[PDB]
Amino acid sequence: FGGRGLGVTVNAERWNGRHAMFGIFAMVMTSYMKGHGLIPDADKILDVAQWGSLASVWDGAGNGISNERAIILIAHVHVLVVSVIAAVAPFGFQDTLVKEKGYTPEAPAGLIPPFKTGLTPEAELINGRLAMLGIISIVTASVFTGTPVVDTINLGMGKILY
Amino acid sequence: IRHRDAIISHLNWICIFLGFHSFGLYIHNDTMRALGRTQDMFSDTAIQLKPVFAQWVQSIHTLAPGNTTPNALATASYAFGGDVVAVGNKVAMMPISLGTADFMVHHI
Amino acid sequence: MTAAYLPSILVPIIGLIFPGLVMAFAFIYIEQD
Amino acid sequence: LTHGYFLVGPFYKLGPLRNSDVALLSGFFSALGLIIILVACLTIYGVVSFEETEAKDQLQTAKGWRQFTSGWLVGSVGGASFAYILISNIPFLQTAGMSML
Amino acid sequence: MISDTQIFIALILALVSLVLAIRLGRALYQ
Amino acid sequence: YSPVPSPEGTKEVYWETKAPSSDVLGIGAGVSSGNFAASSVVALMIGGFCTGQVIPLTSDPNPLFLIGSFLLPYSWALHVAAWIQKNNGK
Amino acid sequence: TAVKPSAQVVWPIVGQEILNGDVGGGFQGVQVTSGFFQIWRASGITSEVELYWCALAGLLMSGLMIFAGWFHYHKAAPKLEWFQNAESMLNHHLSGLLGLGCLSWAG
Amino acid sequence: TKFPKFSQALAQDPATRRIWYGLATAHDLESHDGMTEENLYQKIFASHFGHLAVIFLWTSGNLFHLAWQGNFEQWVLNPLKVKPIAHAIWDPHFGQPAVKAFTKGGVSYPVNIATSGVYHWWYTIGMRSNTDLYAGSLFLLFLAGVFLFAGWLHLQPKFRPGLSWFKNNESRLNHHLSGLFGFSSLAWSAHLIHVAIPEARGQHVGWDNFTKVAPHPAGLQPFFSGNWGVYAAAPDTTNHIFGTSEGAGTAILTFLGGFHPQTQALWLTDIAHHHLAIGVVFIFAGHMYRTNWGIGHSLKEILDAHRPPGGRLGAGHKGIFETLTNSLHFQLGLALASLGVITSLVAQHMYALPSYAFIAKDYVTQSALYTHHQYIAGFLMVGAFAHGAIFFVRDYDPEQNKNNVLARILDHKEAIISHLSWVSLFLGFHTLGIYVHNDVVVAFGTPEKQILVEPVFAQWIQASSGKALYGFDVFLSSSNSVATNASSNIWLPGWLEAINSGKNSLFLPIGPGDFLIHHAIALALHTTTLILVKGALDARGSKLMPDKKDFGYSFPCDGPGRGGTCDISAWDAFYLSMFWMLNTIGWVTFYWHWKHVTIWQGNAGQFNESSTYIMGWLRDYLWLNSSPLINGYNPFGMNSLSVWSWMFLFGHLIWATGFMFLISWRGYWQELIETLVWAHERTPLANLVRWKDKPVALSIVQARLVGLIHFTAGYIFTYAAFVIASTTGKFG
Ligand code: CLA
Ligand code: CLA
Ligand code: CLA
Ligand code: CLA
Ligand code: CLA
Ligand SMILES: CC1=CCCC(C)(C)[C@H]1/C=C/C(C)=C/C=C/C(C)=C/C=C/C=C(C)/C=C/C=C(C)/C=C/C1=C(C)CCCC1(C)C
Ligand SMILES: CC1=CCCC(C)(C)[C@H]1/C=C/C(C)=C/C=C/C(C)=C/C=C/C=C(C)/C=C/C=C(C)/C=C/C1=C(C)CCCC1(C)C
Ligand SMILES: CCCCCCCCCCCCO[C@H]1O[C@H](CO)[C@@H](O[C@H]2O[C@H](CO)[C@@H](O)[C@H](O)[C@H]2O)[C@H](O)[C@H]1O
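Chains as they are written, first to last, in the authors' numbering: chain A, 64 to 225; chain B, 433 to 540; chain C, 1 to 33; chain D, 52 to 152; chain E, 1 to 30; chain F, 41 to 130; chain G, 109 to 189, 192 to 217; chain H, 2 to 733.
Think of the hints as simulated: they come from the structure by calculation, not from any bench. We put the CB at the ideal spot given by N, CA and C, even for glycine. One or more of the hints may lead you astray.
To be verified - Covered stretches of chain H, as calculated for chain B (at least 3 residues, CB under 8 Å): (1) 57 to 66; (2) 198 to 210.
Stated by the list, open to error - Heads up, simulated DSSO-like pairs for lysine-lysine below, C-alpha to C-alpha not over 30 Å straight-line: (3) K58/F / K695/H; (4) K482/B / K114/D; (5) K105/H / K107/A; (6) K162/A / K107/D; (7) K522/B / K183/G; (8) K693/H / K164/A; (9) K6/H / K164/A; (10) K693/H / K162/A; (11) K162/A / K544/H; (12) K164/A / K44/H; (13) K504/H / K414/H; (14) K3/H / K695/H; (15) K114/D / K105/H; (16) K114/D / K162/A; (17) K3/H / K44/H.
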């Protein structure tokens with residue numbers, strides 16, 4: 064477990080930071096595409112006669128998943144398949160998710176790593192911790208106010224997206 | 433005696449295969465009918481398991497009088513096909529058709 | 001039903017992901033020396 | 052490649068969505084889920100079965116089994132996708148020959 | 001009726017109970 | 041295995057004689073048998089009288105007769121203690 | 109087509125006479141399903157006198173078999189060499207038991 | 002391999018037996034490697050904390066799933082017409098007709114209809130909305146977290162209690178009697194008076210107003226004044242509509258007796274005075290033992306002093322104090338026996354005297370509750386005797402128990418077992434003979450010749466409680482008796498009205514079928530007791546195995562020598578008695594369900610005429626009431642009973658699967674597995690894959706246990722599906 068880079072490690076911090084930076088990007092792009100109506104037939108309710116019982120939600124009207132939610136989930140399914148293949152069959156140069164038992168752990172960067180600008184692991188770790196904190200802040204601002212998360216992003220970016 | 437292990441192992445495998453692909457059809461049909469999916473069952477009004485070989489043998493035995501037993505007036509039994517022999521308003525013998533249920537019970 | 005998305009989110013996770021991860025990790029635990 | 056290629060067929064023809072217009076997409080997705088489950092099975096087998104050795108050119112080594120699992124995942128995804136492409140674009144495979152009648 | 005926020009609060013309390021249960025299980029396992 | 045604890049002052053009161061030792065009476069270990077027998081007779085009389093006063097029970101029972109009715113089961117333990125003290129030479 | 113076959117009649121003891129059901133033909137008894145009535149009709153037995161004679165023949169053959177058992181164990185027991195003739199036993203049992211039996215029943 | 006870290010012998014096992022036996026001995030802490038008494042007690046304390054947390058989480062889950070997906074607020078308005086919802090269904094294996102058929106209860110999604118009766122209980126105790134249900138679920142989540150933290154804390158160093166604390170009998174008895182029993186009952190009486198009764202009278206009381214809404218208009222002044230009977234004045238009128246002020250009274254403590262005429266349940270004021278009186282009595286009980294202040298009783302002195310001087314009990318109860326305190330299995334057997342008796346008592350008294358509003362009209366709920374708690378009772382009693390046998394194997398020291406009551410049980414065990422055998426054979430011979438006699442004589446068309454014994458003893462008891470049906474005219478059914486005159490001002494009118502109205506299950510009329518089924522129950526109880534007592538008393542040794550205590554509580558056999566020694570251990574007596582326990586709870590629940598189904602239908606004469614012979618039970622109860630259950634799905638369609646229709650068959654399957662482990666035994670399966678091992682080792686493309694554990698057949702004891710588990714699960718699921726679906730099809 065801990066000997067493979069899982070748990071409270073620098074490897075897990077880096078991986079969750081990468082996924083959180085991508086998550087901030089995906090939330091911003093979701094807000095942009097939904098605000099401009101660029102998701103086709105976004106309010107179309109998927110029917111059980113075509114997509115089966117997995118489309119059932121049991122809401123008060125329609126009893127089906129919206130087409131936009133299914134499209135967002137399929138967009139996530141793409142990068143989940145990419146995730147599975149990269150975790151099992153990584154690139155030869157790529158950083159691995161799970162580490163060998165006799166691996167050398169990366170030193171913890173403390174409060175802040177040395178200020179190496181550019182495509183450096185220090186900048187990656189800084190922006191990753193920042194993105195994880197931003198996801199925390201966006202979720203808390205959404206659930207303490209009732210503003211939807213796309214709308215919370217749109218106000219926090221000053222209505223630039225829509 | 434010297435290849436008893438091969439015999440018993442292959443028989444064990446074919447017994448497990450027969451149990452799965454015969455009784456699990458009944459279990460599958462129980463679940464599908466219980467889940468309200470009649471079109472997903474193994475039945476004659478659903479995904480079909482036709483006993484084509486036994487039906488073909490029945491057709492041969494019905495066609496046999498005058499063709500492969502040319503000196504026989506009638507079939508060896510009316511269970512293969514033919515008329516309804518009835519005695520005293522009760523069926524003595526009539527054709528015994530074979531469908532999906534007959535397939536499943538013969539493989540059971 | 002209020003929060004009707006929650007059954008469709010949680011039932012596949014609880015019924016397929018939780019037992020798969022539990023069975024995998026329990027397998028690793030009971031077979032390791 | 053071989054096993055993932057043939058895995059699409061039964062899911063496409065006999066699955067619960069087989070009578071729908073998205074039958075092939077559902078069958079390929081079911082095949083992909085089975086492939087991922089089997090890859091997890093391969094991974095945990097290799098974790099519990101092999102000691103970490105320098106030898107990596109044999110199947111029954113830890114590094115060799117990890118290489119085999121990586122190859123099996125990539126081949127299974129590729130074979131399933133190839134079967135999906137062929138059934139999507141050829142009407143003979145959609146009807147299992149009944150398009151000739 | 002019950003709102004989404006109330007269900008989320010119950011989920012947070014259940015997560016706290018999960019952490020405490022994991023700690024008790026580790027303590028009982030020595 | 042490990043020592044089984046008891047409250048402080050716990051003694052061995054196992055007996056095989058005609059009567060137990062007076063220690064089984066606890067705080068009443070120094071009361072003579074005559075006092076026990078007299079109190080048993082008085083407790084029976086008072087408890088029976090109070091009980092017979094409250095047998096047609098109403099929604100407003102007299103609290104004094106309710107308290108005094110508990111002396112009737114007390115009198116049984118009193119005559120048992122009287123027998124114990126009488127056969128303990130007291 | 110209208111008379112249920114019945115060849116067992118119970119005695120009245122404890123109410124078990126209810127088992128003598130109305131089987132048709134003016135008869136009360138336990139209905140039998142062994143198929144003996146159809147066998148006797150196929151054999152051409154038309155009266156109960158012939159059935160009495162058949163019963164006597166069966167009893168006589170039972171006595172003959174039990175006497176043969178006593179004789180062939182206690183009086184004249186065949187040796188092991192007699193029993194170890196598989197070829198002769200197969201010839202006699204194929205041609206005499208099955209063959210002549212089929213021929214006489216065809217007769 | 003280090004999965005069974007508590008057993009070195011198990012961890013070195015090279016086969017698949019290691020995983021099974023590590024799973025099956027995980028909570029048997031006394032047998033673990035290097036277990037000390039102090040560590041054992043501390044682990045048990047923390048495990049008890051964890052089980053408490055599990056109970057609280059389960060109850061919070063029931064409350065939450067009801068507050069979220071139920072129809073409690075709709076059911077409160079119309080309690081006798083609205084079907085109570087347990088939880089929602091989200092099953093992706095459903096087709097659309099199954100989605101339609103499970104959409105019940107007035108909601109728009111598939112639901113399961115609750116049979117646990119939590120609606121009636123929560124409504125009776127004062128819950129009205131989904132908000133207070135959700136608040137209760139949150140509170141129970143917090144309480145479960147608190148108990149998990151306490152279990153963790155009381156294992157931390159400088160908080161681990163010593164063995165002297167754990168074996169402090171007097172302090173634990175005083176605190177658990179006065180506080181856990183007494184003050185909890187007093188606090189529940191407070192909740193009924195302060196909250197439940199005002200909500201029953203149409204007045205909302207919550208945390209926001211309970212300090213300003215007096216439970217009684219006079220306040221606590223009659224309590225502090227000694228004028229307590231003021232709390233009994235102006236009770237609820239017989240025109241009271243529950244949950245409203247229409248016809249409501251002002252009393253908080255009454256002794257009215259009988260039932261509320263609308264709810265058909267006990268008066269809430271009677272329940273409040275009951276729990277108040279129980280609290281006072283238990284707090285008085287909890288000041289009995291000496292803990293720190295000189296006053297109080299010593300348990301050791303009480304035990305040692307109660308030796309009858311005639312010497313018939315030998316040394317009496319001398320040494321029982323140390324034997325009970327040192328043995329956790331003695332304690333567990335006593336606790337399980339008392340719990341099993343009391344959950345049987347719960348099952349009988351709750352159908353006979355229901356306390357929850359409108360639950361006597363919920364026939365499915367009553368059937369499920371009775372069956373559930375009676376099966377729990379059978380399990381608990383079997384466990385009590387099993388852990389008593391474990392005490393005799395592991396913890397019984399004969400030298401510490403010289404001429405004791407335990408030693409004299411062991412010294413006349415042969416008389417005990419032989420007289421149990423005699424009474425079992427007596428009961429079985431003549432009960433089965435009467436049933437078969439009735440079967441034969443009814444089959445031969447003469448039912449008038451049946452042997453029909455009137456149960457006059459129990460009818461006399463019913464008349465002593467006031468039942469005027471039988472004309473016995475004794476005690477409360479006599480209008481001139483001193484027992485009648487004694488209670489006439491307090492509870493006799495309401496009790497007599499409830500017992501003599503044939504609209505409830507209060508002392509139901511009984512006939513010869515009732516006589517026969519209670520004597521069959523007596524047979525089954527005596528026979529299960531025979532097996533369990535014979536297992537406990539022969540656990541240390543028999544003539545066939547005089548050194549059985551050297552082999553432990555559970556072992557397969559002692560080999561084919563000495564005639565053969567199959568199933569000779571005391572664990573095997575547990576295993577044999579489990580079938581008899583299933584049989585007796587089956588007979589009891591069959592009797593309860595058939596009598597109640599015929600009474601609810603208005604056709605009690607069907608039970609009265611058909612229960613005297615076995616064919617009546619098979620035809621008029623099993624075959625007749627199976628029709629809506631087996632038609633839950635058919636070739637024409639399906640309805641909401643289909644799940645029970647599935648589960649029924651499911652039960653009939655797994656029960657039969659149990660037979661495979663109980664009839665076929667090990668060596669056959671081991672030779673098959675050897676052939677399979679050869680096949681896998683010799684098959685190309687599969688011998689690249691190797692097992693880590695060698696495949697072996699299940700062991701003898703393990704197979705007995707697994708067959709028992711499949712058998713028991715089939716028993717329970719079959720009967721549960723039958724009782725719920727049959728009651729639902731006939732009445733719901
Ligand atoms: C209904 C009861 C029952 C059932 C199901 C079985 C099942 C079996 N017996 Mg058995 N047996 C039984 C009673 C039963 N027995 C009894 C009472 C006796 C007493 C004499 C025996 C004596 C006996 C002997 C002596 C032998 C067997 C053999 C077998 C096997 C036959 C192979 C087979 O059919 O594979 C297919 C499996 C089944 C049909 C079992 C049911 C599975 C169905 C299809 C559903 C599967 C669903 C799936 C697993 C769900 C997964 C869910 C997940 C959560 C786990 C199989 C395991 C033979 C054997 O093992 O060699 C082959 C054998 O030699 N049995
Ligand atoms: C509570 C657990 C649970 C859940 C949530 C499901 C859910 C489902 N089952 Mg089911 N099933 C279960 C238990 C469960 N099953 C058990 C115990 C059995 C044994 C009796 C079965 C046997 C069974 C059969 C035989 C079939 C299903 C099918 C289905 C699907 C319904 C039809 C549909 O629309 O598929 C459409 C399907 C898709 C769009 C494909 C989904 C692919 C998923 C998302 C990939 C997931 C990969 C994997 C889990 C990753 C994690 C690995 C890790 C755990 C190691 C649905 C996904 C049917 C089906 O379609 O299978 C695919 C089907 O044929 N089930
Ligand atoms: C089966 C029930 C039972 C029994 C037999 C006992 C028995 C006993 N308990 Mg116990 N107890 C019980 C239940 C029981 N208890 C319960 C249920 C509780 C708690 C809810 C307690 C709580 C308890 C405490 C806390 C204590 C006892 C004590 C005692 C002992 C004191 C004996 C005594 O009172 O002599 C007293 C002697 C007399 C009353 C004699 C009367 C004296 C003269 C003769 C008076 C009469 C004078 C005259 C005739 C009357 C007119 C007077 C007038 C002029 C005013 C005794 C062994 C005490 C003890 O010693 O512990 C071991 C003690 O401290 N018990
Ligand atoms: C319907 C099934 C059945 C029956 C009738 C019995 C009967 C019996 N069991 Mg039993 N048992 C069973 C199933 C059954 N068991 C099962 C499934 C298990 C689980 C393995 C057990 C486990 C078990 C244990 C562990 C014990 C018993 C005991 C007993 C006996 C005492 C109870 C009793 O009624 O005595 C009365 C006896 C009977 C009702 C038996 C029937 C007697 C017949 C009707 C008399 C007529 C005979 C007839 C004329 C013979 C003619 C035959 C001829 C024509 C060829 C009795 C022999 C206990 C015992 O031995 O107690 C002394 C005991 O210790 N059994
Ligand atoms: C040991 C055998 C036995 C056992 C365990 C039971 C058990 C039971 N009986 Mg039953 N009963 C028995 C024998 C037994 N009975 C006999 C022999 C008769 C006479 C026919 C009855 C008549 C009877 C009636 C009328 C009623 C019960 C009832 C009951 C239940 C409540 C308890 C009770 O009334 O005890 C009664 C048992 C006894 C008083 C004594 C039983 C023990 C002795 C030793 C039996 C031996 C009698 C002896 C052979 C005859 C003496 C000779 C005589 C011809 C002069 C309980 C299930 C009641 C019921 O059904 O409640 C629902 C009820 O109303 N019993
Ligand atoms: C019938 C025959 C007669 C009787 C006897 C018999 C022998 C038993 C029987 C055989 C039955 C069986 C044994 C017949 C044999 C069967 C097997 C199942 C055939 C498998 C073929 C796999 C190929 C087509 C996938 C190839 C990969 C393609 C090119 C991929 C390109 C991909 C790569 C990764 C790169 C990216 C692009 C994409 C597209 C994603
Ligand atoms: C084997 C094992 C080895 C050693 C350990 C071990 C656990 C100790 C042991 C197992 C022992 C086993 C587990 C024993 C299990 C035992 C059984 C279950 C005990 C049941 C007792 C019933 C009592 C006496 C209440 C009776 C009611 C009577 C008093 C009422 C009368 C009256 C009431 C007041 C009111 C009105 C009705 C009437 C009738 C007028
Ligand atoms: C010294 C020898 C005799 C000792 C006797 C002691 C008797 C018990 C004392 C009771 C407790 C103290 O009681 C004292 O404060 C209570 C505070 O609620 C007052 O109670 C008052 O307020 C309550 C709460 O609102 C109301 O429900 C009461 O109807 C009201 O009377 C009592 O009227 C007062 O007497």
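These are the hints, each one checked on the structure:
1. 57 to 66: Three-residue rule not met by the region 57 to 66 of chain H, so violated; n is 0.
2. 198 to 210: violated (count 0)
3. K58/F / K695/H: 69 Å, violated
4. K482/B / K114/D: Roughly 50 Å separates the two Cα atoms, so the pair is violated.
5. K105/H / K107/A: 27 Å, holds
6. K162/A / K107/D: With Cα atoms ~17 Å apart, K162/A and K107/D stay inside 30 Å; holds.
7. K522/B / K183/G: 57 Å, violated
8. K693/H / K164/A: 21 Å, holds
9. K6/H / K164/A: Holds, at roughly 23 Å.
10. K693/H / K162/A: 24 Å, holds
11. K162/A / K544/H: This hinted pair is violated, its Cα atoms lying about 63 Å apart.
12. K164/A / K44/H: Violated, because 33 Å separates the two Cα atoms, which is more than 30 Å.
13. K504/H / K414/H: 48 Å, violated
14. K3/H / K695/H: 16 Å, holds
15. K114/D / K105/H: Roughly 57 Å between the alpha carbons, so the hint for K114/D and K105/H is violated.
16. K114/D / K162/A: Holds. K114/D to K162/A sits at ~13 Å (cutoff 30 Å).
17. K3/H / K44/H: This hinted pair holds, its Cα atoms lying about 21 Å apart.
Hint compliance for this structure: hints 1, 2, 3, 4, 7, 11, 12, 13 and 15 are broken, all remaining hints hold.
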